[PDB]
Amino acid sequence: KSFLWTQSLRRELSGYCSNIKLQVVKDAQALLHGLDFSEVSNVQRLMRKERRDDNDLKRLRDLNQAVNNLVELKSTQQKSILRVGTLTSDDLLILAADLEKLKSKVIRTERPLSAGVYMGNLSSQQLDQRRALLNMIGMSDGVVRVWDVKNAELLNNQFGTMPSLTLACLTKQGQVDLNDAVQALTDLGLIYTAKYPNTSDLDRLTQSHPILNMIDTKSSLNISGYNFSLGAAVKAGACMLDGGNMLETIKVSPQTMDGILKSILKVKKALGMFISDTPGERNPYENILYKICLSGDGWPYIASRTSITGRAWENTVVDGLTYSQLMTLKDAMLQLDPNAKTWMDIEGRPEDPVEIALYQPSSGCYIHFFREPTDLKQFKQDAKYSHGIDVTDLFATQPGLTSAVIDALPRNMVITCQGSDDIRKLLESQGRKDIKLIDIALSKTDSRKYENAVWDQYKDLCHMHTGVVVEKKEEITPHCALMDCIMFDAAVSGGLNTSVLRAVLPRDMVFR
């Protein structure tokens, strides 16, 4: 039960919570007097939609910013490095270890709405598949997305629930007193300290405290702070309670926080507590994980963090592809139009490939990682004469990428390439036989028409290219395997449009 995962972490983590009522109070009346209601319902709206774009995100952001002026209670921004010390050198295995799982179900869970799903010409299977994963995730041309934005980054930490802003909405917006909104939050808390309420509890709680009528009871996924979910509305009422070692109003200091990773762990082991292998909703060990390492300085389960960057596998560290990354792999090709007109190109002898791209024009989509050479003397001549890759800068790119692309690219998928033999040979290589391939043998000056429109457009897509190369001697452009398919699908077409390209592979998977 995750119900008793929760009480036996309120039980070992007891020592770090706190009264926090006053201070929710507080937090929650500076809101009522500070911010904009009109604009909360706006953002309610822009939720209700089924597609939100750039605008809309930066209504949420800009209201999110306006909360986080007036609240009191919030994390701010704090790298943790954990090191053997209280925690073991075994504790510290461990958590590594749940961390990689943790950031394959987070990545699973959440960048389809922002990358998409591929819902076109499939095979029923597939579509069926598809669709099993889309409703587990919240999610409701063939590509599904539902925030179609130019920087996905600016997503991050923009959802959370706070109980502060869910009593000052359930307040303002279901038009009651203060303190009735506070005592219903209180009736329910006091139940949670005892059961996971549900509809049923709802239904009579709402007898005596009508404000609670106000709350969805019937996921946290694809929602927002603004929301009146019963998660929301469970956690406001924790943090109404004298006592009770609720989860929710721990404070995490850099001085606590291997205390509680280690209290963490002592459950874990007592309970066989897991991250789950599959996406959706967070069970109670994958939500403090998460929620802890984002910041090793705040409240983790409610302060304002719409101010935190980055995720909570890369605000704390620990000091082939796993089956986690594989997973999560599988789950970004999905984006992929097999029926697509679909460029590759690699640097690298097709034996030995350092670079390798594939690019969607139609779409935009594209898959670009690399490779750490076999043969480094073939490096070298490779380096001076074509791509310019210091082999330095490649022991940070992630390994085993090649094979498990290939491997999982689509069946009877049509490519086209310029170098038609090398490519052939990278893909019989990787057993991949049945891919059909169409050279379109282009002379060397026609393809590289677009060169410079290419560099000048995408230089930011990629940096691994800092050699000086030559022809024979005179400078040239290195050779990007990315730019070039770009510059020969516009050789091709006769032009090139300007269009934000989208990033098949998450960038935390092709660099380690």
Second form
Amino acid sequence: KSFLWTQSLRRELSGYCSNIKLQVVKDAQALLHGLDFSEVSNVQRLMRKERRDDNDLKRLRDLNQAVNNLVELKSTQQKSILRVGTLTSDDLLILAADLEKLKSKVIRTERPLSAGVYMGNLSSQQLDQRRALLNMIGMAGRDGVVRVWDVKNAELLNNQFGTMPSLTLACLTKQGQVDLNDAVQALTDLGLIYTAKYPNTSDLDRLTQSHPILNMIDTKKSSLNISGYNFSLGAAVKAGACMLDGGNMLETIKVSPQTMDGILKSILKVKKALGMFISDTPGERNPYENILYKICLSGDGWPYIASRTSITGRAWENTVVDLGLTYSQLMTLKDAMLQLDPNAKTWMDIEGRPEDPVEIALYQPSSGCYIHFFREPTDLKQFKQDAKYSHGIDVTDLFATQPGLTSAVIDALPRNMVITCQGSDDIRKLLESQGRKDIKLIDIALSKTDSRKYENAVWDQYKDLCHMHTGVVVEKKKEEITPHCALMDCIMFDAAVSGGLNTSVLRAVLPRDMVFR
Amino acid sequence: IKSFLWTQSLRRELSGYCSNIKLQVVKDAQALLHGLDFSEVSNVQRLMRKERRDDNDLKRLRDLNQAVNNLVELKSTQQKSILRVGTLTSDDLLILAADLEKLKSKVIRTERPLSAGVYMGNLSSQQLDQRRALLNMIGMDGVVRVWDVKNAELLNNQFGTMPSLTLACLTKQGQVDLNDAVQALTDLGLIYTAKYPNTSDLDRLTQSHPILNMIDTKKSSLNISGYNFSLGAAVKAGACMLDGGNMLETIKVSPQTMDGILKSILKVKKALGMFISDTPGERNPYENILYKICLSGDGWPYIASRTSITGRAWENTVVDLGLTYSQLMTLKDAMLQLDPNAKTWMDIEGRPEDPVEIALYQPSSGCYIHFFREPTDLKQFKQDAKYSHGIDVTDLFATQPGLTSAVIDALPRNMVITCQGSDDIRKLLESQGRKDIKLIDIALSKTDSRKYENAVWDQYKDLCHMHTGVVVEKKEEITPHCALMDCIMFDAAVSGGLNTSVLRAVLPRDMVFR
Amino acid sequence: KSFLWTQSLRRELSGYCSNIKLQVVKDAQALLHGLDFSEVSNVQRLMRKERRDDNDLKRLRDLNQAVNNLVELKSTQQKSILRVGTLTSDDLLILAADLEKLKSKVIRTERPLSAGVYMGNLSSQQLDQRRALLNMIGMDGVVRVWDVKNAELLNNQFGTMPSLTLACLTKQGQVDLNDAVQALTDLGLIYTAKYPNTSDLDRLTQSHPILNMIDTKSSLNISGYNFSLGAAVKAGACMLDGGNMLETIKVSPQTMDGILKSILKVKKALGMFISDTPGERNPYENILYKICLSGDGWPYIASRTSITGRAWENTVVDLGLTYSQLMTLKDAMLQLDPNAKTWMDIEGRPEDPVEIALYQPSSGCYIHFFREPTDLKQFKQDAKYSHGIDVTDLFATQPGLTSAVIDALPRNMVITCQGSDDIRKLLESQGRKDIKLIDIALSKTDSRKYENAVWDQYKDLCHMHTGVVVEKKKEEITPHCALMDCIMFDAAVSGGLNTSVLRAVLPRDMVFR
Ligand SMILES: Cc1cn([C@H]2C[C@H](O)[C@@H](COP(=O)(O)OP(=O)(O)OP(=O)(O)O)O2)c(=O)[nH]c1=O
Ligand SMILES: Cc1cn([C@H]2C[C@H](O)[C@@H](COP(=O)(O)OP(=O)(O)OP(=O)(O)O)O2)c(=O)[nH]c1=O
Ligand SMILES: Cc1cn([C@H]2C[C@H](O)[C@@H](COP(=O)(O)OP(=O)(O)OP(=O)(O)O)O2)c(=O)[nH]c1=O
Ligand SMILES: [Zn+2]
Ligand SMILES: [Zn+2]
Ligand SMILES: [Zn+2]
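Having gone through the form solved without ligand TTP, I am curious about the other one (the form deposited with ligand TTP bound); can you provide its structure?
Entire complex below, previous chain first.
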């Protein structure tokens, strides 16, 4: 049971807990004195939209920044590198495994909000499976892709949605029109129930007769559904936890670079004692997934309750362990593939020979999504020739690429997809070698001159999407020419067929974290 | 804890008998705030602070209880219940009877010493420690007692807690708004859905709910009143504020639902392995619910005013289908009242090898042992009836067997016993293997022996109802000889007079009769 | 820390230390000239076995005997009675309390090697707790190292001795005696200032190749034929000219009280104590064990393999179960399979029992113990018509075991018995209702078919029944023993009686005293 994991974590981590009521209340007073609550109200309106854009994201990020400026309980950017010492060698293997698993769960929980899930012309079963994923993660339109956030840089969504007890307190007070004191009291009572049990709707009902301010709490919302400006029971419980000058609440834990390793060691002791685990399914976190994510985000702050909105990066980026895709990876890849329209015109192109590919790309011009990844060659002799005369890739730059993607991506391609390419024999052979004989191919056969008419235009617009081509490439007359990229080739070949290049933002299908290791 | 597991299982099984009584408890607490003299509440708290209380004190208590009972609608009323086969099986009733007998013994050894008392004077270090241990377990001239009273049965059911009274006292005597106490106790009730609240929980609750600092966590269910603020009292009241959670506290019992409730308790018992402990002191959840329900087939066993209920649980609920181990513990404990060093008379009626009435009397503290035995020699008995005791043999059927051996076994080591016989007493004590007891033969003349005979019967007639037959001497009719009255009159003869004095029965008048 | 305690003991006992290097080398030279080191190799092979039997034990005890025959540094059987004198009355109370605590720690450490611990079908939480204990002490479904008829033959068979360690290194490491001597001397030097650790040993091996024969991973589940760091350090302590090494202490009956008095001065000064943790001995538990084994010998370094008895039996103080005994009892109970068929039977009434037995026939273990009666009048009837126990023979039995054993019985056991009503009441008395009972109800006649075969095999298991017992008809009959009953009631249900070694769950010195 989840509360048992929590109580044992409380028992084990008691020495890292503190009484922070005063500081949370002072932060709440600073917001009350300093924050535009009509702008809070404005951000609540934006979170009620089914579809949000960069203008919506800017409003949220600016408000988060204004909140951050007024409070003292703030997390600071602190990369942590975990080495043998307080943590054992086996401790470190356990932690690196569990963080790989959390990376998978978090990406599959958050990414489709921005990447999107195609929900148009699909079979009954596909629609059912997809709906199940969407429902599980708390998730229109065009076309027919379901996507909550349409933004140029999805990375600007990181860490912008956490609840903070001082904000929750200031907003209950100001937006609910009660005295700060009555707000503190209602939360204290919820805090007290939480010493003994997770509070439920029935418990909260009884509390609302005492404190009508608790009527603002929606018991149907989860942390998947909310921002720091919304009133979930989760937000209220976390605030109430902070009001006790008393009892080992995990929400009051502070981490510093001096206590990180020990706090993690204590978590691993409870992990082994209770058999806690990271789940393979996306959506809501268990107590262990939650504590581990919060601690690893920053070795300097209050993991549960400080303002975390100025923190860049993910927890698996901010805390690293120092001494064929996995199941976790394959699930990420499968769900990322759901963004593709199986019916749409889809280009494919490769660099390297089809029995030895080093760069592969697929491109759907209509929605603008692309698949793009790399493979280390087997035949280094032939690679060197292809490097001089085609692709200009330095082999040593491929060392950091994720192995196994060629198989895995090709296996995950929609059944009966139709692929368009420039030179059909190479593609067929590659697809057949990976066991896909069902994919139909359209060979375009453009002339060499017609093929590269939009070459300069494509590289002018889209250069930032590929940095792999570093070597000078020549052609026999020898003259220097622009290197061939699988991805740019899909885009220029499509532009040549279409008779023009549009200025479109493109959407990467694979996470960068999967393309490279 | 195993105990809270027992409570939670009972809550599940019994949920259909629970009810939403928030509004009634609060309305009752409202009638008390409007109606009750809270200076008298305060007066009764003063009296509960005394180490020694008397009948005047018990008076104030019962009268204030009557005042409380007159103001509230949540009241249990007198309802005797007889359990017969039906909803409860043959096997069920055996279990409940075995369990009530266990509870009875436990409860008496817990409560009776508060008024009967325990001698703590001139005893060995071993005995003093063993007695101190018992005393600590139960909340407590050589005798330590708390209630010095004429009729101790007037203590029954005068000390329960009740949600409405606790709420009304918190409010008035704490000087906070009613809603404030409700709020604080609600919180306490919420915690009690998940655990039994402890001192730590109370500490954290008080920091925001100052009203709770009136609860002193040292005070216990045992030796405290409905007017005092124990954690138990607050927890019970909070249980009533939720209107949910299947709180045992909100159960109502009627003559129609009694057998069904006890059947569900028995179900939980078999499933959890619940039991009545033979240890005195704090009640486990099984012992406690069993007590509370069997007190009345009509009320709210946990939270109603019960102070108008006469009788005890094993008297108001009965199963219709020598000493047991449970009684021998009760017996061995009741005997602790005696001062081994005091002057002690012993007299018997019937010959030494066939006793029918035995008595011992310690004139200094006024306590007495008195019981009966069925004769083996019916021939010699009828002669004894005509010439000595006038006891009708059939009136002895109703007396408890095996007291002769158990009492003589439990008599304190090295006691000096005074008697108008010595020889019949010796033989009998030797018969039971008590050679260590020293005897003083007083050898009074026939006529000096019975100088105070009328005086003694005049004052103490109600203490023995067993002598019914006409007794003659060579013939003229004479006053029958009673073992108890003889001890008293022989003592008066030696003393040169008889004091007007209340005596104390060492044995429960409930162990003498079956 | 333990080295702190060692340092203080060295300061205070220094007058009892002597230089014994010459005698140690002489003994090692006697072994080198006399001992069969192929047989030493054979006993090392036997100690590598995870499970060992009585043939293995005989090999060890015969080799130990051969060693003992060859050396002059040997301890002699010498019982010590401690009386008021050099030790004060309070000294004697401290020492009595400590020997009781040490007895508990020692039994909890060594006894499971032979009694066994059940590690079969149990919860996750039980297996974790039991694994922790087994790891602490250096250790079908029952894990045991020694499967032997008489585990007392294990006593004093595993001590390290400097002459043997020195002889074995020399011969089996194929170096000159002087090379081993100088190597251990250097180790002894380090020991004047610290307990040598792995880095110290690693450093020394680079100048002394012989020292790589030593393992750094203890004194538990090894012998004197093993090359532990402990044995090598002990040998090294003997190689030094002075420096107050506890290893060189000699005790006699004249010095014994004075040595103990001095230890107690250190105990008081440092706050030394006997731990309740099973496993490795701290220096106070160690010196007290070694001194109290014999009042005549070299407690750390002599051959001890001919001494019978334990330290709390060989040294005694003449002046309801303790915490230490309850710890011992809880651990003893780990031997039982909670899932196995288990008989129970009692003599005396359930309210007043005087003999209790439980028996698991598959594994062969039995719980068996006594209690003094409350009602002597009923007891005397039971003595004449059932059990034949003389009440004065119950005086010497350990009280408090009824409550303690029953409270300690595995959760959810199923118990088989002949007549269920008395067992129920007794179990109910200690609030054990989780224990399910099976009433086997054999006829009186079928009951006791195997009565004579059981007594013929197992008489030595109960000596309590001395009274003549009779059955009205009046004729003499065989007294009824709770233990023998479980055994014969089992044989009747099984249709035969196997010849089977039985194992007592409880230590004998827990049943008595
Ligand atoms: C991008 C986005 C995420 N979310 C949700 C999904 C993210 O996984 C989640 C991250 O929240 P945090 O994990 O940032 O929120 P929290 O720390 O308060 O969580 P908890 O209550 O356990 O302490 O926010 C939204 O509700 N709306 C959005 O638009
Ligand atoms: C004789 C005497 C009895 N008693 C009481 C102690 C107990 O309150 C009472 C027995 O309990 P009730 O069952 O009388 O008390 P309760 O129902 O409130 O207990 P709980 O909180 O568990 O519901 O006998 C005294 O307090 N003082 C006395 O002097
Ligand atoms: C029963 C049994 C005991 N033992 C032994 C291991 C230890 O050597 C022995 C304890 O012996 P001593 O206590 O006899 O050991 P020691 O004096 O050599 O050790 P040290 O001076 O370094 O503290 O218990 C086994 O090894 N296996 C067994 O099966
Ligand atoms: Zn490229
Ligand atoms: Zn009479
Ligand atoms: Zn026997």
